[PDB]
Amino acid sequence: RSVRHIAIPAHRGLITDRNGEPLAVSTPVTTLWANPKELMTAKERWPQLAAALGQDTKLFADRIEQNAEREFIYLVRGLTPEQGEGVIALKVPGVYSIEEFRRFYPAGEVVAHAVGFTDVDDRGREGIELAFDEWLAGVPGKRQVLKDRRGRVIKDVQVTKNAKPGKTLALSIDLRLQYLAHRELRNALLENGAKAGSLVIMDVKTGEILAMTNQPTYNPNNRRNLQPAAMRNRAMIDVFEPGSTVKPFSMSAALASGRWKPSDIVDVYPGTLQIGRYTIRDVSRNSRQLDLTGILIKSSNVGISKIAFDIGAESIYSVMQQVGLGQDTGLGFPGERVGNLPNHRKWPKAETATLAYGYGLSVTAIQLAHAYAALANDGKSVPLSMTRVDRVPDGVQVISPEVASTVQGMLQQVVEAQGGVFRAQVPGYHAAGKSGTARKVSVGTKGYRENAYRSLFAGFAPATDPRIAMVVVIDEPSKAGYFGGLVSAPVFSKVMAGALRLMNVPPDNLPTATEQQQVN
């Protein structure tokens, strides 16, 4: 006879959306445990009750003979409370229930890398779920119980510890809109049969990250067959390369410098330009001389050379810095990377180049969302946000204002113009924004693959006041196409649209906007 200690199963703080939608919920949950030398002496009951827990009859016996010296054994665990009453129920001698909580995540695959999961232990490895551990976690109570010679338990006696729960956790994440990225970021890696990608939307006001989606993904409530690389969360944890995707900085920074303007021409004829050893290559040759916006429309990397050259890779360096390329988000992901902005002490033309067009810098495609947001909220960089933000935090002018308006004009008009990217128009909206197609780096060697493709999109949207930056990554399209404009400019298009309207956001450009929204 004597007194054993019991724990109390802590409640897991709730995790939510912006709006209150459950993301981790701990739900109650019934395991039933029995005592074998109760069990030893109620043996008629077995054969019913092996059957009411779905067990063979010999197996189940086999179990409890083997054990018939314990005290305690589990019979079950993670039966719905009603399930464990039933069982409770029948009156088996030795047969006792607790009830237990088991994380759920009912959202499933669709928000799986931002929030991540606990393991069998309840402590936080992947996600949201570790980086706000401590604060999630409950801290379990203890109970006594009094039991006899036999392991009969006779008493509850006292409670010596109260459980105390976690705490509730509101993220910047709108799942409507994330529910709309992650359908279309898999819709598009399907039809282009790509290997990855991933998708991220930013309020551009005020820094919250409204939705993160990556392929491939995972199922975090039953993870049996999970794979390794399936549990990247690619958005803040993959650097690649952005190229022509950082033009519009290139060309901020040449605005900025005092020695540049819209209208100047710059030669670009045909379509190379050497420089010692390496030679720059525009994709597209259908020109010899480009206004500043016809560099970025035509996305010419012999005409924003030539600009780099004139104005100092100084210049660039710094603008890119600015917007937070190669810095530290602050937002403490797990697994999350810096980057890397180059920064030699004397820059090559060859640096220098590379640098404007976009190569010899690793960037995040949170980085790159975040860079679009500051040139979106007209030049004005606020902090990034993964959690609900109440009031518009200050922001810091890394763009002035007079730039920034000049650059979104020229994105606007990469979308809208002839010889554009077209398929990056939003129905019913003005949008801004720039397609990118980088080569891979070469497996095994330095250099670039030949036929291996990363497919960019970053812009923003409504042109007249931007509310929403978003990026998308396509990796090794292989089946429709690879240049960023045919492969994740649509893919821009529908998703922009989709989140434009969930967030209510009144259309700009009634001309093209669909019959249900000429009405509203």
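Numbering follows the first chain given and starts at 1. Heads up, when I say rigid core I mean the largest set of C-alphas that superpose within 1.5 Å between the two forms. What changes on going to the form deposited in another entry:
- Compared between these two forms on the core, the listed residues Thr272, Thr168, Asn222, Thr80 keep their C-alpha shifts below 2 Å, save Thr80.
- If you fit the rigid core between these two forms, you'll see the Cα of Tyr96 move by 2 angstroms or more.
- After superposition on the rigid core, the Cα of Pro9 moves by 2 Å or more between these two forms.
- With the core held fixed, the Cα of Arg467 is displaced between these two forms by less than 2 Å.
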Given for the second form:
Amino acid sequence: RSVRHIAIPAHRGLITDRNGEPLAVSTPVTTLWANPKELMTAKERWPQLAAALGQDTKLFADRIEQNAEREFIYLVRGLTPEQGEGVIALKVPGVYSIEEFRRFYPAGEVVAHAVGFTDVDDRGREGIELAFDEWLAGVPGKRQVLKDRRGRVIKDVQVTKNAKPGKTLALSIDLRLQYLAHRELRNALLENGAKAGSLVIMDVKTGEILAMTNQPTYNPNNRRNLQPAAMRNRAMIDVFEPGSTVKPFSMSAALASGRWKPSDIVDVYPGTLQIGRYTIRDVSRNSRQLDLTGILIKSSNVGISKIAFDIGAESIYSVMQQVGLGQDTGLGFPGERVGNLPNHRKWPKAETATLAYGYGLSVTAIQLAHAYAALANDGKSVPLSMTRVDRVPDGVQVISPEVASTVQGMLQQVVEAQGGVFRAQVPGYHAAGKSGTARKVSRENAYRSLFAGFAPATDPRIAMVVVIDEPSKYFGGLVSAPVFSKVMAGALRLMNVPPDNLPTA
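Having seen the form deposited in one PDB entry, can you show the form deposited in another entry?
There are no partners or other molecules in what follows, just the one chain.
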């Protein structure tokens, strides 16, 4: 007698990793709904129905009696096809089913922050699911069904508009590398008794983000009792002052200025330098004079500041801006933070020095990895991508290949030379990188352990950033280096990259 114009869900598009491994799959579920006007005519059936739904007898009865005037209530949503058909087989008057779609995340917490999740209505709410919701969602259809005066659906009349399925999306993530990264970062936090962390791996030639993992994390298939801290995609929303990890870009500015050469010597004695009301301090007051490579190895704040006064902060600012520090990544990720790299018309001495040793700016882990990928790719910046790319993108030469090559060699000495971060070495390969201690001024002042590098030195393929938040187990400045080593070793092997430092493995 009556007529209703309901909808037909679209099969939400599959999300895969770059090799086609499934990251988010739309699966069939059965939702049960009732017409209370019909249920009210079969009350002797309610206890059996209530038990099949895992509901208390009297509470289920109360719920039906409270809604007896309606023609529609939900009984349960998202049952497997088998469960739904099993309740339908009870032949309870007024109980109906509809088949919907529901996401399943086969890798669970391993890639939770990148992929995000959907609504109970299959709508993208976080991460890629949100950002690409238009691509993934498709277009629903339109169905028609007739009803009586009691609201009883008599017959499905026809189908009006055919649903249109969403489109497949292949991410840049390599799930083999994501597992390695997720496993090693997690083990690292437990061993150092750390709070949170991030690890980013990217292809320096294509800009593809091959892994992006954070701790803590969560299972998107089971979001009960979910803590807000666990949902933060720290690689893109946690901002910090990168500290010594951007001294290599101060150096690039120096070697590009025409005024400095690697063999130059800077006097750092006595490990401090006064500028007005401020005092610059070196951790290693062991040294009196350092060459340019030694300044990075010892992480001399005094040394890099003296270079900065000579070349000027503008030259340093320009390199840091051009490699993407505190600049929009273009990834358009939900909640992504851009940081801050403030310019000045005139640079005072203090602001000059603090920029040079990495406290005059705020960045994300993704930006820091992008910047190291520019240095690794022989000075050529390529845009970041969260999706698989089919051609090497056009890059921008932001650092001359000669300077990039020199600084590459210095960072390789940072890892390999005496007194350097030896725990960063990758067996079988020549790796290069730089360690640092981050700072997020807030009222608070959090300290993070950072390592950023790339490999292999002969033809760099991937860049990596490891962030470990305030390790409690407190010489923690070199806590991230061993994570870089293990993950870089596993990544190079998984990507079939030929070793260039035998004998080591």
